[PDB]
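Fit chains F and E with the ligands to the given chain G structure using the hints.
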Amino acid sequence: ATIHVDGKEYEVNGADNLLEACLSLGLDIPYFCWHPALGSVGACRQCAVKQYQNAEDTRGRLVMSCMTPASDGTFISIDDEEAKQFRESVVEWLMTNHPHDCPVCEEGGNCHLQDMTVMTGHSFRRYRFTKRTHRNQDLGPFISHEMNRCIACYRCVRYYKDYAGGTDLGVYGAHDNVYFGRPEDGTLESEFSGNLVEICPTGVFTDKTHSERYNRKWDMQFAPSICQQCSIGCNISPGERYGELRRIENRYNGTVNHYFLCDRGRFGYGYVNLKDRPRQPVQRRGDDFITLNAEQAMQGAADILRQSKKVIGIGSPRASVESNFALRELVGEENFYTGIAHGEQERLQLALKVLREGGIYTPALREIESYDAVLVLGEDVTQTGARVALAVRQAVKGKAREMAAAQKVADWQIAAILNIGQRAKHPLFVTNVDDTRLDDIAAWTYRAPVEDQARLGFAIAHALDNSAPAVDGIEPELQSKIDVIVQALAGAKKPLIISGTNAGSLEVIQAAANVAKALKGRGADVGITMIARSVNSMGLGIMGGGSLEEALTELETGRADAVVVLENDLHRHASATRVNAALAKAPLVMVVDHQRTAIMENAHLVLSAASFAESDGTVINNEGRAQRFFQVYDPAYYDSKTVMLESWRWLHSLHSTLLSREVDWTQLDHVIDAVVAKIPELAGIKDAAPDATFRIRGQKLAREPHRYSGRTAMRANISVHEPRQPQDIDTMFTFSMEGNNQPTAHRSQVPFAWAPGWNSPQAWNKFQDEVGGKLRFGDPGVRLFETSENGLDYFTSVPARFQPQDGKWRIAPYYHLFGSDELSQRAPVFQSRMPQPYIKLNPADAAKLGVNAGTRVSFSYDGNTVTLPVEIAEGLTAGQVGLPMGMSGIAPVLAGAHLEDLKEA
Amino acid sequence: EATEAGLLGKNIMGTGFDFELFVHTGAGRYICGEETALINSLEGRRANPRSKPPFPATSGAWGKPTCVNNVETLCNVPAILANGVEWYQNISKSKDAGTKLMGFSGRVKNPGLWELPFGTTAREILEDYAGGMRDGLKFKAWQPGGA
Amino acid sequence: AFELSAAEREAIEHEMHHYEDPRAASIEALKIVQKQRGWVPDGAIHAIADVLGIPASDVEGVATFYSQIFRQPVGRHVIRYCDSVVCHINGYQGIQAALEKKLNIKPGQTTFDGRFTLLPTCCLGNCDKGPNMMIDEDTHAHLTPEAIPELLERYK
Ligand code: SF4
Ligand code: SF4
Ligand code: SF4
Ligand code: FES
Ligand code: FES
Ligand SMILES: [Ca+2]
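If you read the sequences in order, they're chains G, F and E.
For the first sequence, PDB author numbering assigns the number 908 to the last residue and increments by one with no breaks.
For the second sequence, PDB author numbering assigns the number 295 to the last residue and increments by one with no breaks.
For the third sequence, PDB author numbering assigns the number 166 to the last residue and increments by one with no breaks.
Isolated chain G (complex conformation):
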């Protein structure tokens, strides 16, 4: 297609509309109601251009560029005087009722409405009458509501309802009293409600957690990082000010998480700002806790570790690849233990074997949206891998997309698409121990124990391919529903099988692998997704090591007299009594961590590690993508006595002091080279980001914007002498604005989006090759493994049906987006959002116990009696008891275990 804008010829995509085609060319057209992920609706009337019939036409006609196709031989003008006057008039109409709020508005300096007001050149007010005002609502702890600032662009309702699937946000009212909010006060119920703060072009929906400690966008220090709160690896831009992590912005990655995060990743960052974190090395001597600097901490630790006979190291899936590798090098390969339990490790290694040996392509998160049928087995995706659930919602709406494409309706005309595809949708079959948040769009939901979910998967695989092992004892009605699933999956051009390790069942993963193999054998373009538990679960699985039970065995038998625990609380993966006994028996415990955990009371030495905000490293996605996170700020810039080093730096210098009695604060690139030299299946992590010598025409990449303020006053209360700018030897980023952040710079790591004239999140348009596409020079991150040439064999270990045995209670895992992740549930704003700990019971089991809804029952696990109030779960099955995983006292390792002595307290 060829378009002519203002007499200049451009070659565009004819399937695009004119607004996105012209924004992809670098032309500036103001817009409000259009979003690249939401489509065109033509509400705000801001994007007007002048379209001419042909080259020899001068009159023309004002058209909405978002609603106009970029067809071949199109003639438009943006800088036409009539078009400019109309766009300025639209801005003026929006300005008539807008409140005088910019100094006390959290959107200021980050506001799309401010940018478009300046861009149209409207700065003179001639409206003299009153302004309409609105009451605000309480939307919960995360989103602050300020309805006066609304321009009625309908982006919030289109995102929250049509895109995200939420039900409790809407538009109410009429002519000019349109109200965007909830029907009543209350917490917004969607797991993706936090994206409203970037979807809303004004300051109606604002980050309340940021608003408590507000600072402007130009005052932030940003870095490109990876969210640490689950395994999806969404790209984030954490920004800090005055030594504390202030905000998490979405960092655009066209391959992973393009515009959206979930609320856990957006709002669970508050554990970084906790005041009980270790900020200096501490050695316990007697009852005293002597504070050390880095040098003498390394010397004393090296002396005690040299005096010991065997040293073991316990890693964590929280820690990065470099940190776990450094611990593995310090203690030796045979003495290194993954910090997760044996069953967790077995399920994780099986998921890895399916991903990198099953011969079936594992999609990226953006690619999930293009699949034609989804089967989810055992994985409560919305509570464990939430952005996969959002992508699955888009994949389900793909059927309405196809039906509208059959009637020659353009891809961006979203309202016509939703009108054609009324309630038709692609098949979704979810399986869980209870109801999920995907049940509203699921074609079928199977609520069953994990044995029965695995049996359903094996039966589906056998019905698709008779070479798969058969299942004996399927009821005829369940068989009919299985046949419905098989007809939906066999007719799909791109079926997608999603499972994961959060079900606590190996057989569920085996059944999902069998279904994916059966669909692969029929010629389908099948994909398989595995949801792991933690940010670097897949990296820890690739690195390998013994289980936590083997490490505790070594500590309890006395074969190991020194243990180094890296970023692991050890109570989420084993019983707390056994961990406490093993750590009390060991004469040397050294905890390298950034959070105050319960095992530090047994620790002889505590090394104050850095969090993701204060460290660099590599983490491995649930799809096997290696991604770097870069340090946001120097922790010692404000508090000079803070000794908070990276975990790989601590462990590498400790290894160097153990060998040659000299400390060695290494560089990140050296550790990455060591990883790719010693572990060949982690060799892809070298290409995740360029090394520290990378430059854009000789200069580094800036962490903070050009207008960063307070350079000679922010530390002036400590000392009037401005300190040295902190030097970053690990990465290509600088701790200053003396660097490059151009949208046209040849790089993939973008710390934050800013363009002149574009201060809002809409500045990401300048950083993309096409708007809503990829980044201009490729998205960051690299897949570690390719699709295998040959797949696996069928798993023949079909489990038996679940049998409720008296006295025992199978623990059904219930996951929560706010509470199940360890560090995020340590964040203070999650405590208001955290549900009360309820033990979930079947009505029949509660009637057998005599227990009603709300009475407190006591149950003993590992000889420890704990008491919880009862919530009746109708979707649960008899003989199972539902427990909230990862909460206070309930470890996620309890999933699949049995329970004893359940009685009323």
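Treat the hints as calculated values from the structure; they're not laboratory data.
You may find that some hints are simply not true.
Now the stretches of chain E that chain F is said to cover, found in silico as 3 or more residues with beta-carbon under 8 Å [claimed, not checked]:
1) 84-96
2) 128-140
Pulled from the structure, derived: some chain G residues nowhere near chain F, Cβ distances all over 12 Å [said to hold, decoys possible]:
3) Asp104
4) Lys356
5) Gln416
6) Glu559
7) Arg599
8) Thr868
Even for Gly, the Cβ is constructed at its ideal location relative to N, Cα and C.
The following block gives chains F and E with the ligands in isolation, referenced to the frame of chain G:
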């Protein structure tokens, strides 16, 4: 009455055509008269109009093909099919075929509605049918087709 | 606080039978609840949503979009005087002044006895007989300001 007389419902007049007719009472918005907003209000939604194309003929009520016509058009149809094309074309010597309900309202002698052929001048409507302005009133303006 | 009666639910389901989509009976369900109770209370929104299987925000958006679906409590009789251009020419201002003098309320308000709620409605479609008023179901045309203190006294 038309249902109990066999004119509506299943197998009308023995042809085999099934047609069911419903009456949907609105809840009072002027924008509901706009045909795409009418379709939105029929679907139980807020009566925002829809952008065209696509027109309701291809994707209308609940995505199905839908045709929206005024009361007077559908009242013109039965006489057309009961008398013929040439009768409907031979009642007015104008480019607009057929008759139309026209009438003057507001401070006139006889406000009301009369069926007149197209091409009738407004002055003769006001003076003959409406009777002209009332006593002691001077005509200064008029609107031909509503607000 | 709110519970739909059996007759209300039966009427709502009967209206749901008339449409391809159960969402399309939202306006009729709101009008049924309003007819039975004078107005649509706050719990009725979630009750209608639960019966129809649509979100409560959709029901609330429908109820607040349409001016005839009352969302605040009203009086026993709703006076709806016409406001549009033809009744402006025919002198609806005298009728509005007579109503405000007789009832001592501004438009949009309810009398202290809870008897009348005064509302300026749109054009009533009776322009050749203006000015027009619509009390609860009855349209009164050819209004004069002297006939209001007789017209309002047969609606007890
Ligand atoms: S929303 Fe934007 S324009 Fe409105 S007060 Fe806030 S910063 Fe100013
Ligand atoms: S609240 Fe924000 S996103 Fe929603 S219509 Fe108003 S300005 Fe647009
Ligand atoms: S889906 Fe996972 S990785 Fe993405 S924002 Fe949420 S917690 Fe973070
Ligand atoms: S962006 Fe085109 S009208 Fe809103
Ligand atoms: S203008 Fe009042 S009835 Fe039409
Ligand atoms: Ca660093």
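Against the structure, the hints:
1. 84-96: holds (count 3)
2. 128-140: holds (count 7)
3. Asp104: holds (28 Å)
4. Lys356: holds (45 Å)
5. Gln416: violated (8 Å)
6. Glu559: holds (66 Å)
7. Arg599: Holds, because the least Cβ-Cβ distance between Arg599/G and chain F comes to about 52 Å, which exceeds 12 Å.
8. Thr868: holds (54 Å)
In terms of the numbered hints stated before, the structure departs from hint 5 and from no other.
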